[PDB]
Every structure is written in structure tokens, then in C-alpha cells.
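Missing here: one protein chain of the complex. Every other protein chain is in place.
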């Protein structure tokens, strides 16, 4: 007695990925097919009914169940609606949907993170005892496979049919509070190219600039201080601007750890000079022993770190 | 004589918390049940009517009271609507809502503040003598309890039913102008991580950078002045950029007072040096005992301050 | 014969004040009551008609005039609509409105300006010979009077009813082209707290920083120049950023005049040092009497200026 | 035989002028009058039909032509619609329109440019052989002439009626593809106040700051270089921030030409100083006559430049 419903979804385009609001817009077509009671169409041809004329048919008792996207931010922009009325009884609901979808996202591996563009479809007013999803096949490719859209699509779609228990229907439907839900997931990874130029490389070149102070002398204090404060302030601002593209989360990202280390070498380089200025009297010949090793200690310490960093997270 | 109305609300997700406009977006379901006049349904099953077809029923005299969200910023995004028509008379109104809600917020303890995500539900056109809310049940935790949405959810929801007197309905029914209101509150706390990295740490290291001037000498005036002006201006920009994440309120926040203190230590450090620069010839051997104590007075005075700060506000 | 219309407006909240666009958002309820032909309702109770069911009544010749907000930025967000049909004949139209309103604003006294949140209500299609507004009652205080909205509400509402002559209907209604207009005004004053921290204090501490150049010496020219250019440029950036919260108006504001002075003292301080640097050899012993007096002349001129400033504008 | 249609347009307000998108919002009323078949109204008074009830009238065969704004960005925000049915036959369509309009704008004389706020009105589905505009009257002044937000309304309105030939209807209407078009233009001039405060004066004072380097000496190279690099970079950023209030046009504006000159004097001052530093020993007694003459050439050239500039462009 539960209505077996076959569902096919074609994803036309994915766009408007917003990491801040954790939303992403999905455009495509939807198809809902179920075998109902036979009817006599005008002619043996299948009857096709478009947007407005569908209302007159449900007014004559036609059964069209409302389907609902769960992980959506607002009522999706529904396009044109059509109805395929076959003589053997099978009904086919086809329409285009453009909605702003949401999904929980973890940024602990920013910007090397992997996230899932998920579609959560599930009917309304009809539980698993009344309406059941037979199968789901997502014909996303032939368009999707173009993955130069600010992300990298890795793998095909994943379809799964599950049963969700809503407790807020228990007061009204005893033991009838489970709904069949279709879930479609597409794994994707981020493209680190944009962030290398905005934060990573500016962090590196700032570190390179910060360490030039070692190679000057016990020279004009203005010079080695200007090198210090400019690199510290520059590294300070980059630490701020690097998170403006991220939600106000608590955990630290791989970009955060990279900045803190790059912050350390920059701040240490200044204190190193500030150290030899208090020890300008204890052991001064032409150059101290700190600079003679800091000119090599700092770059090598920083160099191997980048090797550990980029070898990881990749 | 007033109709007892049982209300159940299932919150799908809370998102889009905007501290500036003091809004927050809430998605979820609503259930409204009342006992009406008995009817003879087609079959013994309860009759289920979906979005558009409900309008035809109220045209035949069916009574569906309009419910209204008070603390909303604009007309909420109403999803799919359904009606459960039982033969014994009881009617059940179930629909999905996605709205931008508002609530009075106090920012005196920024960013350690506690706020409440509130839903204020109340009917339209029907007072408490005509329509009464029997009970309210919020089955929010099942989903909501995952709070990585820029805030920290601490505790379950609190439900309360009250009666509100609108004076602008006195003109039509004297003394019968009170409306039943359902109120749903969810306490929440902020995640200070983003603010630690964006303002607090940059303020601290700037203060740390400001105090390196002490450990130099009565040295090149350019150096110790560059330390002064850069740190003062840096602290000045941070004082401004720290408030762009807040509405144009009048009272000062815990972040504000914390910056003013960090502002004091930076400006005092410059004047401290600017003082010893006025005494460069009267009593100069190597160090002004002022600097010899400022190298210890400033960190300890600032160090104990952070202990006074973080012990408070927590 | 003109229909006397009683109007009551309940303001739920005023929010979203945008000084740039000179708009402001207003949420609340509206009530329009007029005496029609008597009828016999079902029971002596008043007949209540909700959103959609109004269509059936107005199609049957019921007279429900549409009321129109003049000073609105776009088509207001109409909430739920209701109709109270009384048996004694009086008809009552009640609905909730959320609209983005506009009003001409003068910003010559930024941020000490006084502005008016105005509602200009007036019907459509019905002149004063056909429809006249009897009285207006603004039930704003019950909620509004808690002035926590980036502004301070100073006083209750002020109502004015007038007759407006539209010349573009003279070609169609000779001498019958006057419309009854309801006007609701709420005076308000601005909260200078946000601007004290963003512009005033950074301007002041910059001026304080600008004068430290005097207390150095005829010293290292780099230092007193670094004090000079940084303070001028800092004051220049603050002079620009201070108007980004204002429309691109022509007249100068009280904040503008205050900055120009703060710009003058800072730029004068640099020119002063550049002057004593031109007199570095002709008449040099230890200090130019200019510095001996500028350390007192400038603060006294600056001190009395702020006192004259804040005594005014308040 | 073509239907003569009298048109009256009342402009309520012009607001939201965006120079970047070259759009502008116009709110007001519209009146369309044509003489139809006589009718018998209830009483000799004209019959008035409001927003929804018009649909029933056009459903009964009444001829109400849809009017269309050409230079609009999206479907304009249509307010309330009314219908005046006169007994002598003349029909009057009156409604309120709030739309975001567009017009080609030339910015070669930024910020002294002159622009026109244009309304291009033209019917749909009815050509000039079917519908013709008799006359047009724009009752704009009553309100409009008060402009306080970035522009100056200078002069009255200009009305013109024309016939436009669309070639894309020849396939559907051979030789009958011309539509009557109403065009309303309002000249306006820009208010340079905002730009004087944001760029022009800051450009001037920066140029003034650039020339103080002359009055120092062949002095501490840090000072006169700090004068050089800081002024060059400051003038560089102002050239950037000056165009963010403009679309990405190709031609250079009067503000651009003004900045390029101000850019030259700033960079020339550095090269001038950098020149005398290359000649510090070959022909040195006390001062390089270059600075002694640059102190007069530079201010006079800049002063006379503003005279050539501001005598023009005004």
C-alpha cells in the first residue's frame, strides 16, 4: 500500500559557493515517477500538462505530493512545472529548482579541506507508511565534470535512501512519525591557488624580508628596527585578513598554524636584534655570535618548517 | 468557550546570526492542532490537503486561524502548508517557516555576552477570548544541539505562554483585546576564538612591541620614536577595526575597555621615553633608572591586568 | 458625505536606520475604521475575514479602500490582512506593515543632528470630497519608548492631518483633487558614542601625538619629521574615512569642521618644526623660544577649542 | 483611427542615484487618458475600480493597454492600480510606479559632469497605428526640485514624443512595427563638495607636504626621503581610491587628470631632491640653488595650475 516513488535528479549547474554563510546554490531538474491507477488520456499519446494547468487536475482529485528540500536556506526558486499523464497510470512530476542549500562544514584543514555539496530531499504530509522512495539516480555529469568553478569535484555522486524520525509528529501520528528521505552527496576539494597568492606567499616573502635584518651589522638601529616593526605589523595584518574569508569558528586552521609560525619567526627576528642591542656591551668585536648563526639558523629553521607544512595537508 | 490550541514547533537549524542588525535566521516546522466540528471524511483515513487546495476549504467555511511571528524582520518565507482534517472534528495545521527574526541584545560584555534566540508566536484577528494556546513543545535539540554556527548553545529551550494587551484593539472590543503569545527562548554564548585572533592577540603583541623600546638605550631617537608612533597608530587602527563588528551602540564593551588599557600602556610607553628624552643631558651615564624600572613595571602592571581581565568576564 | 476614517497605528519597532541611503525600516500594525451600512452578522459577534477571503467580499462590491504610504522606498511588505465587519455597519481594516521609509534629512550637525522618522499615509483613488481622515492615534510608546536602536527617541509621536493638492489630477478632477493625508512624526537625536571612539578620540590622541615633536629638541630631524608626516597622513586618512558613513553631500558637517581644525594644528606643528629647522644655524643656542612657547600655546589653543566645541553642539 | 492617449506623469522623488551601476530610482504617479465608449455609472459620478477588481473588467473585454518603461533595470515595483470610468467614455489608468531606471552617462568631466534622469515610456502590443500618445505633461516640480543627495536639479523637465521602429516585429507585423514612445528628461549637475573634501583638498595638502622637503637642507637623508616616499605612496593610494566611485570606464576623468598632475609634483619633488644628492660635493658651498629656486617654482606652478584648472571645468 505505500506509494513507491522513483526519483531522478539532473544537476544543471552548481554556483554561488559561499564559505562564510556555508551555503551553495544548486540548479537542476527533478523527476518524480510513481505508478498510479490507469486512466484514459486524450488519444493514446501521453498527456502533458504545464505550469498553470496542473492546478486544475489536482482540483479534479489528481494526487500530486509536495516534495521538500531539507538542507535549504529559503524556499527555493521553483521554475516551470510539468506533468506526464500516462495511460497505464504512471505519473511523472518534472520541474526545475534553483535553491540556496546549506550543509555543516568543517574548516580545520583550511584551505586543504574537503566538503560535501549535499541535497536532502524528502516529501511533506506523507510518511514512509504512505509514500516511499523506490530508487534515486543522479545524472549529474556531462555538465558537472567541469570543475574550474572555484572548487574541484572529486568523484561521482553518492545516493542513499533513509528513514528520518520526526518527534514533532508523535503527538499527532502515533508510530507514524518516520519519513523517507533522499540524500545526494558530491565530494569536493578546494583550490589552494587563490590563497597562496593572498596569504601564503605574502607570509613567506615577509619572513624573507624579516630575516634581512640579520645580514646588516650592529648597524644603524633605525634600519634593523624598521625591518622589525614593518615585518611584524605586516605579518599582523595578514593574520587578520586571512580569516575574513572564514566563519567565526573557534578551532584553528592549517592556515592559522602556518601564520602563527610565520608570526613567530618574524617576531623572533626582531627580538634577536633587540637582544644584541642590550648585549652591545657584553662581548662586542665587530659582530656578535648571534647574527653569525641567526643568518643561517632562522632560514633553515623556517625552510624545513615549510617542508613539513606542505608535505602535510597534501 | 475559547479554543484550546496545542502547538508544536520543530526547529531544523539556526543560522545567519548577524550581530550588527541583531537578527538571526531560524528554519523549522510548525504544528497547530484544534478540535473543530465533526465531519465525514472520504474513507476512515484523515483527509490530507496540501498547499494550494487548502484555500478551497476555507472558501467552503473551514476555519483556519492565521498565526503570526512577532519578532521577525520581514515577511517570513512560508514553505509548504498542509491540513489534517479528522472526522471527529479536530483540525491540524502544519507548515514550514524560514524567517529572519529579531531580539533585543545587550553587548556590554562583548565578546563574553550571553544572548537568547527568541521566537514570539501569537495569532492574528483572534484574541484570547476567541483563541487560546494550550501548550507549546519545542523538539529543537535533535538537530539544533550541534552549535558550531559562530555561537555556543548552552541548555535546552524554555517555553512560556503569556497574554498581551494591545491598546489599538480597544476601539473594537473594550476589555477583550488580549492575545495569547507563545514564546520560545534558546540561550546561547559566543565563541571568543575569532576575537582572540583578530583583536586581542594583535593588541597584546602590539603592547609587547611597544615595550621593546625600553630595552634599547637612550639610543637613536628615530628608533624609539618609530617604536612609539607605529605602535600608537597600530593600536589606533585596531581600536577602530575592532568595532566594525558591532552596531553603533553607545555603551562601551569589555573589548573597548580592554583596548583603552592596551592603548594606555602603548601611549604611556612613548611619553615615558619622550620624558627621558627631555633629560638626555642632565644626569646621563647609560640608563635612566626610570627605564630600568619601566622594563619591569610595564610587563608586571600589564601582566597582572590580563589576570584581572580574564578572571572577570568568565 | 465624505467618509470619516478613523486610523490607529501601532509601531512595533523602528530599525535599520541607514544614514547613507537616508532610509529607515518601520514595522507595525495599522487599523482603519469607518462607518458603513448596517448588516446582520452570523450571531451578534463581529464577522472576521482573513487574508484571502477578503477577495470574495471586495468582488461582491464591498468597499475596502487601499491606503498608501507616500514616503516609502519600495512597495511595503504587507503581512496578514484582516477585516472586521461590525453589525452596526462600521467596517474595520487591520493589517501589519513592514516598509522601508524615507525622509529628507539635513546632516549639517553630524553627529549632533536631530532627525524625524516620518510616516506619510494617504489613500488612493479617493479624494477628500470622497474620503477624509477623521483622526489619527499613534500607539508607539508601549514598545518604542525603549530607545535602544542606535538613536535616542525624544518625545512621543506628532500627528498632522492636511489636504494635499495634486496638480496631475486637475485634468481629470477639477477642484476635487485634494487628498486627506496622515503624517506621523517621531523626533530623534543621534548617539555620539560610536563616533567618539571612531573619529574624535583618534583625532584627539593624534593631536596629542602631534605635539610630542615640540618636547623632543631641535633634535634628530628624522624623529620630528616622522612625528610630522605620520600625524598629517593619519589625520588625512581619518578625514576621508569619517565621511564614509554619510551621503556624498556638499555642505560641511560639525565633524568636518572639527577635523579641519585637528588637521590645522597637526599640519601647523610640522610647519613649525620645519621653520625652526630653517633657523638651525642663525641664532641657535639650545632651543628656539618657539618650542618654549609652542609646548603651551598649542595645547591652550587646542584645549579651549574642544571646550568651545563641546559646549556648542550640545 | 489610432487611439489618442493622453499621458500625465507625477514625479514624487528621485533617489538612490548610483554612478557605478549608472542606475537611478524614480518614484511617482502615472495617468493615462483615452476617450472610449460612453458608459452609465452608478450616479453621474465616475466609477472607480481598484487593484484586484480591474482583472474582472479586462476579463469582460475592457481594453486596458499595458504600458512599459523602457530604460528600467528590472520589472518596476508596481504599487496600487486604479481605473476611472467616465460617463462620456474617457477611461483613465492611474497607478504608482517605483523603478530603478538606467541611462547612458558620460564621466569625462568627473566631478563636474552633467547628466539626465530620463524616463522612456512606450506601450506593449499596440503599435502607433493602434495606440498613439497625444500629449505628455510631467508634473515633477512640486516635489522633485529639492535634491540633497549628491546631485543638483537645475532646470525644468523636457518632454518629447517620438516613434520608434523595432525591426524584430517585421516578421510578425509587416510594415506595422512602429510604437509611440514618451521620453522625459531631467537635467542635473553634480555637487563637488564631497570630492573636494575626499580627494581634492587631500591631494593639495599632500602636494604641499611634498614641497616642505625643499625647506630642510641637503639635510638628514632619512627626512627628505621620508618626505619623498610617504608623499608618493599617499598620492598613489588617492589615485586608486578616487576611481572606486566610478565604473571601470576607459576614458580619463577631470579628477584623474588633476591627480596625475598632483602625482607629478609629488614624484618630481623626490627626483629633484634625489638629483641634488648626486651633486652634494661637486660644486657645494652652502646650498644647491636648485632648492632655493624650487621653493618658488613649485608653489607658483601649483598655484597657477589650480587657476587653469578651476577656471576651466566650471
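Some notes on this structure:
By written order: A, B, C and D. Residues from 1 in each chain.
As a working rule, contacts are C-beta pairs under 8 Å (C-beta built on N, C-alpha and C of every residue); 3 or more make two chains touch, one makes a residue touch a chain.
Touching the chain that is not shown, out of D:102, D:245 or D:268: D:102 (per the contact rule at the top). Touching the chain that is not shown, out of D:58, D:296 or D:304: D:58 (per the contact rule at the top).
Think of the hidden chain as still there; on chain A it touches residues 6, 8-10, 12-13, 15-16, 29, 31, 33, 48, 50-53, 56, 77-80, 82, 84, 92, 94, 96, 98, 139, 142, 146, 148, 150, 191-195, 197-198, 202, 205-206, 209, 212, 215-217, 219-220, 222-223, 226-227, 230, 234, 241.
The set of chain D residues touching the chain not shown comprises 21-22, 55, 58-59, 65-66, 68, 70, 72-75, 102, 124-126, 166-169, 171-172, 220-222, 225-226, 229, 232-233, 236, 239-240, 243, 247-252, 256, 263, 267, 270-271, 274, 277-278.
Operating definition for what follows: only the chains that are shown with their structure count from here on.
Centres computed as Cα averages put chain A at a distance of 40 Å from chain D.
Shared interface positions of chain D, i.e. residues touching 2 or more other chains, are given as 222. Under the stated contact rule, the graph of chain-to-chain touches is a line, running from one end chain to the other without closing. Taken together, the chains touch in the following pairs: A-B, B-C, C-D.
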